[PDB]
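> In case you want the letters, here they are:
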Amino acid sequence: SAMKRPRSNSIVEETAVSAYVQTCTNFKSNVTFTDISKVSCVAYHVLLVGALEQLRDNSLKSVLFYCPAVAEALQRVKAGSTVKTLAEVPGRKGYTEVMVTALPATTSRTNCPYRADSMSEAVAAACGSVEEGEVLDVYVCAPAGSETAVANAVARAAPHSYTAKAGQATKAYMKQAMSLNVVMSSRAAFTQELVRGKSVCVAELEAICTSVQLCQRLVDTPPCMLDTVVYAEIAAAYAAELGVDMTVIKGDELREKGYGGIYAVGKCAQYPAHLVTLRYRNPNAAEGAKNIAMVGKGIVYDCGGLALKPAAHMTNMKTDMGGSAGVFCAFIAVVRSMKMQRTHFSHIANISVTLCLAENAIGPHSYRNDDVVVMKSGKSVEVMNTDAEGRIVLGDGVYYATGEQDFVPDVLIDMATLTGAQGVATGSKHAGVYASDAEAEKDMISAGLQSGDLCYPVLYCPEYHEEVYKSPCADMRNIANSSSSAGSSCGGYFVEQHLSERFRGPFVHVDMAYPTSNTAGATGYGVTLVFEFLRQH
Amino acid sequence: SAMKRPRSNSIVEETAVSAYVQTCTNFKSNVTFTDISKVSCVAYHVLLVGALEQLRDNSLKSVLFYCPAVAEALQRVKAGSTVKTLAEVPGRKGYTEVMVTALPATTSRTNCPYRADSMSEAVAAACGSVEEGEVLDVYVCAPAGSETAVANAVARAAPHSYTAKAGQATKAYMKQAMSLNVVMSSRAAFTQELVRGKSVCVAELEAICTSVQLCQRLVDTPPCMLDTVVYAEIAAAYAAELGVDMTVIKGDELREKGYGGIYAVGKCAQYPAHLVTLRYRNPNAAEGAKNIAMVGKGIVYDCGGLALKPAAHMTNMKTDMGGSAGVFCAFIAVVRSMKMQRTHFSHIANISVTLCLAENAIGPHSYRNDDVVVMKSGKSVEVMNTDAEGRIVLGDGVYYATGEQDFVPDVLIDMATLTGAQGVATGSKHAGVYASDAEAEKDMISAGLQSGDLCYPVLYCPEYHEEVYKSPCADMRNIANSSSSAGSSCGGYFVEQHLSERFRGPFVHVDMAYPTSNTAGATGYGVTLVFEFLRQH
Amino acid sequence: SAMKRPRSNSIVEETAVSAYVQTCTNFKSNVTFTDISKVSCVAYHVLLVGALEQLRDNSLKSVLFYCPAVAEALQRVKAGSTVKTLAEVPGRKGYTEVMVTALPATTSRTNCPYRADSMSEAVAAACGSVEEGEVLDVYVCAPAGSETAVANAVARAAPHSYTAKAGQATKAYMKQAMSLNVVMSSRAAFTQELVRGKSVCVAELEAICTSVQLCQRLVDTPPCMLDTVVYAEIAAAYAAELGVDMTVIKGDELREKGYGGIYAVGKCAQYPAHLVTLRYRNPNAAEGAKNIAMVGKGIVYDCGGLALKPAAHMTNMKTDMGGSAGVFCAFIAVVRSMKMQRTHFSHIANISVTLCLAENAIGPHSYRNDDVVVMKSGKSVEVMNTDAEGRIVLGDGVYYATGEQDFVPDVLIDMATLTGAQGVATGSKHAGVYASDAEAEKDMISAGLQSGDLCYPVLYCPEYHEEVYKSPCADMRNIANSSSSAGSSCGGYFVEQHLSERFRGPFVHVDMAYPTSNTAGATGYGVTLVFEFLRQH
Ligand SMILES: CCCCC[C@H](CC(=O)NO)C(=O)N[C@H](C(=O)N1CCC[C@H]1CO)C(C)C
Ligand SMILES: CCCCC[C@H](CC(=O)NO)C(=O)N[C@H](C(=O)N1CCC[C@H]1CO)C(C)C
Ligand SMILES: CCCCC[C@H](CC(=O)NO)C(=O)N[C@H](C(=O)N1CCC[C@H]1CO)C(C)C
Ligand SMILES: [Mn+2]
Ligand SMILES: [Mn+2]
Ligand SMILES: [Mn+2]
Ligand SMILES: [Mn+2]
Ligand SMILES: [Mn+2]
Ligand SMILES: [Mn+2]
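Residue numbers (the entry's author numbering), protein chains in the order written: chain A, 3 to 539; chain A', 3 to 539; chain A'', 3 to 539. A prime marks a further copy of an entry chain.
Among these hints, one or two may not hold up.
[To be verified] For the chain A' half of the interface with chain A'', some residues (derived, Cβ under 7 Å), not all of them:
1. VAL14
2. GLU16
3. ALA18
4. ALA309
5. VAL376
[To be verified] From chain A, some residues computed to sit far from chain A'' (all C-beta separations above 10 Å):
6. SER187
7. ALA288
8. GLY365
It is worth saying that the hints were derived from the structure and are not from the lab.
Ideal Cβ placement from N, Cα and C applies to all residues, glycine included.
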């Protein structure tokens, strides 16, 4: 295993990567759900979170940790605030920590109506006092239809599994010391009751939780450990677990087979570039079932190339493989759901995920500001800034997915931590969606509201983008000739040009540079956006 | 006149400003329209511009400059290109210059379907060879419904009236040497035929042309000439011409009457701050007629304050009164249309325009990064960056318009060259619209497509904006505590907070920092957006 | 009052400054102390804070809010952490909020052994839930000798009195909604028992609390309100209250009487420069009693002059009058203590405080990088950077205090928010002390450890500083000719050169640029350092 791997020159380093792989390939979330109608014990710690109306309801006096101190906490909580206390509750002996959090009063049209953001903030703050081996009970007052946003909001708010604090290096950088037990007021996960005529079950919410958290792990892991060879070995194990076809083009194979864009970007790095694609044909696909290809930026580290980033922009480029992991782990959850019941993604015939893997490293073998590169699609590109490497590798990615597979997709989802312009456009919680079909734009926005992985449209206007990418000696450049030329859209437009001409349906580009991480680290963004988006028709 | 004015200490300077005022108060466009069915002569220069289909039609052999060289030019023009020639045409003796331009093949959903951008590029390039006193005939092949976009596209593409080249200073910086004669293939302006059941007539298109070009003049004029006292004198003359009510709050009157935000911003400048508001009650208002208030950033020069801008960001801050002029000149055109026929803006009862006038100047009396200012609305503001001055003055503007007039608006339109984040968001041709009502957002986008003054939504999410404006000692700051916090929306949100609580309908903020100008200078952006937006219901 | 003042041209602005003055001239802290042996009621909110040993002692079961939930909180608190709960306690009806905070386990030689920093962090976090008109009880487990550090640590951690949130502008920017009641385990304040043979009484701790908080108010107030004329009017009222001599040199009087350094710095500003000095002869001075002059940088706003600071370095220059306020409010407390008992500062004959008041403003009348200025001391200075304005004004300050008063000081204390080099040197909690006498250095360090206003020596080496201030055409420059030339010491050395030759005892320069403020704003730093320093012999 450690000897199979073509990675480092070192037994010790290789032995520890073999363990890191395991923690990734057998990963399980540390979230459980319990049917509110079957609560018989109460955890060492309890969080209660909901709309102020719902918290003050008499329906809550049933919950098994109700008692006078808790009742008092409910008199004192105001919209947006928190009240915390110890209490002697039945359902436990001794004292129990109860934290009570009201969600905010007002929500706007562009935000998730269940307020999954506040749920995450409230969860995170309750986990801080949970001791090794204990459980945090999370009591959520959210209406039926909110299950996936809750599963996401909680999963992503748990203490992160990647750490090296206090010796964890010796245990594969993996810590899952505590545990979250979700108790929703709605029972739809347990009854399979239909909401907007769709059902989502408990085994699915676990698959989401596992996938969101695997996503936080891969993102959070530094590139000294999660490089392109390791990331690829992981993808292989998930391939053999799920029983799916896998296509890998690696290193010189990229250049030999004409993927000049991604080979150029990753040619300098210690460990080489890969296009890795996993795909499943659904055996229970219905007559109407569409085909879906997904593509993600797997830049394991972005140093900037020769357009080397400064120190303060370069940290966190750990996370520049976020788009990649979002769609990779969404693939896993979707396929897992497909294997659970005949009907679950019945309207999907083929699903494909393409990982565009590479480190953008700086050195003699670096692609230069001025190099001219011939992408797989045939289009020639004049590299003006080597730090716009995402565009390029993704260009070869989307061409592979649209023009080299044995089925033609009917929709292409591009996901990438692409640009800082994104943050200026749409802030740090909403991804930027650059979409060639108004209906697919609306639908992605909506899957964002339902999922709690928010989204917002950015300018789609190829005629205007075309005219800031003009090169004197190639088909296009890879950065615009002007400042303040709608920077996130320009990133999408670049990638759009490399779609095989045989592909005729929507191209949906999700730029999630800022939403992919926050103070605590990786958010898992993307995993639940895609699950929703694909689940809804 | 020159002695009435409380401006400079100088007879000469004051004599020349009196002339500059005149050129502004009697301004007329230099655009005419001629009914295509009544063309009897052909101009020294001719431009033909349209969709390639429409150009190659046999319908064109009728135009009075048809001849073999022209026919040949039509064989050679390809989509997007230009062909130019001299020809002996009947309708003139001697040779005539004919330029033939095909509009582009493909347009996207976010752009004007008539391609008013290409029309403007094509016009501009034909005007360059027109000699003093001559006429350029502009033959446009555009379908009925495109009249306002054409009037705009052409008006704004003429050589600019503000110049000091070759002695023009002695003629009030005003040059209108040539003239454009528009000949559209559609006759709807001349027949009053209904399109989508609305009619627009020739006297209206002239009012638009005049207003777009007055807008380019005011914007283009430097602040050594167009300062707040002069800009105010102009607004007064237009008030007395159109017979409307005018309210001016000036200098110490602002501070005495509680407009701390705008008084703070402009207190350092040579010439003082003004809130200037013009308003008309429509005598022919129908039963349903709504009320409309408009507000614009009139920062005549933005030096940055003490957060002084560098040299290269500071040039063109001439144009930082663009939002102001767009809505001011839209007011003029709208009111002019109202005075033309009983029915023309029948669904509008009251219209108001508020100019937020001030120079952001640097000096001892400057408002500081740390000053705390009490806006008219009562909300206290902690100034962290004095270069976000637009927010502030506009804050007092919208409060005046929503809370101090003798009618309550049902819609507030805020227009401002507000932020560079705008350019990063939505490029240099599309304004950023920050809108509190999804229907009003869609409607503004649409008035942009019909008008050729383009637009694109930006994130509306006050819950997320609220949390980056937190101050420890005031209600809010005036810049966000984070980079990449959706910068254009944050600008709108700041202004939104100062709306009087009595105002209950949509707030539509248009951030047009980049679309307000291009290489040649001021575009007139805003004038035709607002005309369309208000004309459609 | 509002008409006496030579300030603004405005009745409204002047009426509100008259009220701001009042809030400053009648200021009282909102801290009280209660003898632990006489606690009969318990407040709505309670904080318990101490060393873990002391918290777990059985001595605590007596406190009137002891009960089982509280007992449980004490089992759970670990060194450095916090535990919070509601409880039914006797001493109150209903529920009471109890927060329990353990101070940190380990302290180093350069920090206050009572850990006044953690006390402040713990207080601040308990005040956040206290409602209008309520009381927070603060139970501190600290040994006798810690009274002044506690009075300081708590006073400075209260919610700040300067605010404009929610209409406070209409109530003079003054909010004191809640109240803190300190209950120390030691009774030395109440018994007058001697510690290291010195006693400190309750009326003194109140005078400290009042002075620390007046200091936070003056600092926190922006310069649009707290300018040099207002700051001077305040100093006058405190002069007439305390019955002390006052000398003011203002505006042209500075230049006429030879104070070129400070007149130069402040000549550009809206409101003019002042040297303001307050001084008391102690009627109960003992035979040995020394004389003490104090001097502080009162730069009410530092824009940088023509060496204009960028936006992000310029905010918080509100606080550039911190050194000034520290020593001003220390003067008040000391004098107040003197008036309380015959013996209290018996070893002090004369005390003097000199405020070096000015705004460093940018404009035509600005002192330039290249101007040569003749300080009061006769020494000529070549201004190379106008943003090193503190040095200069303080130079005239120390000369006044050492050479123009009717007594000669035996020690000069210079206090100033002088340099950013300070932060690089000694961090954000320790001031930099540049001291001409090793014994006075040690003593100031020690008054810092006892007071909780920390301190740390910086390089004293005039022979090395002399050689980086060489000018070709003046006695010295005002900034060093080299980067990384011990920047905080160089600031002190500049000021040292302007001491009158008649002054022969120690010069102690305290550079407190970073310790003067934190996230929440002004810390009051300086007030309690000086009280301690002077109290100890
Ligand atoms: C033109 C540079 C390439 C655009 C894409 C990069 C983001 C990136 O590195 N993707 O791989 C970017 O936006 N970088 C930001 C950026 O805009 N930069 C980089 C240096 C200055 C400024 C120039 O646009 C930083 C500051 C977050
Ligand atoms: C935070 C500054 C205030 C935001 C608004 C200004 C635009 C403005 O001056 N309006 O009056 C801006 O975006 N300025 C741009 C900008 O973003 N700046 C200014 C200096 C660096 C950078 C900081 O955001 C420039 C470069 C076009
Ligand atoms: C040489 C400048 C004058 C030294 C004193 C100033 C602090 C000050 O302004 N006092 O009134 C300083 O240290 N400023 C800092 C500083 O060191 N600067 C200012 C700009 C760059 C750098 C140069 O030393 C800033 C960044 C906190
Ligand atoms: Mn990247
Ligand atoms: Mn990059
Ligand atoms: Mn501006
Ligand atoms: Mn500005
Ligand atoms: Mn200073
Ligand atoms: Mn300075």
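> Could you tell me which of the numbered hints above are not met by this structure, giving the numbers in increasing order?
1, 2 and 3
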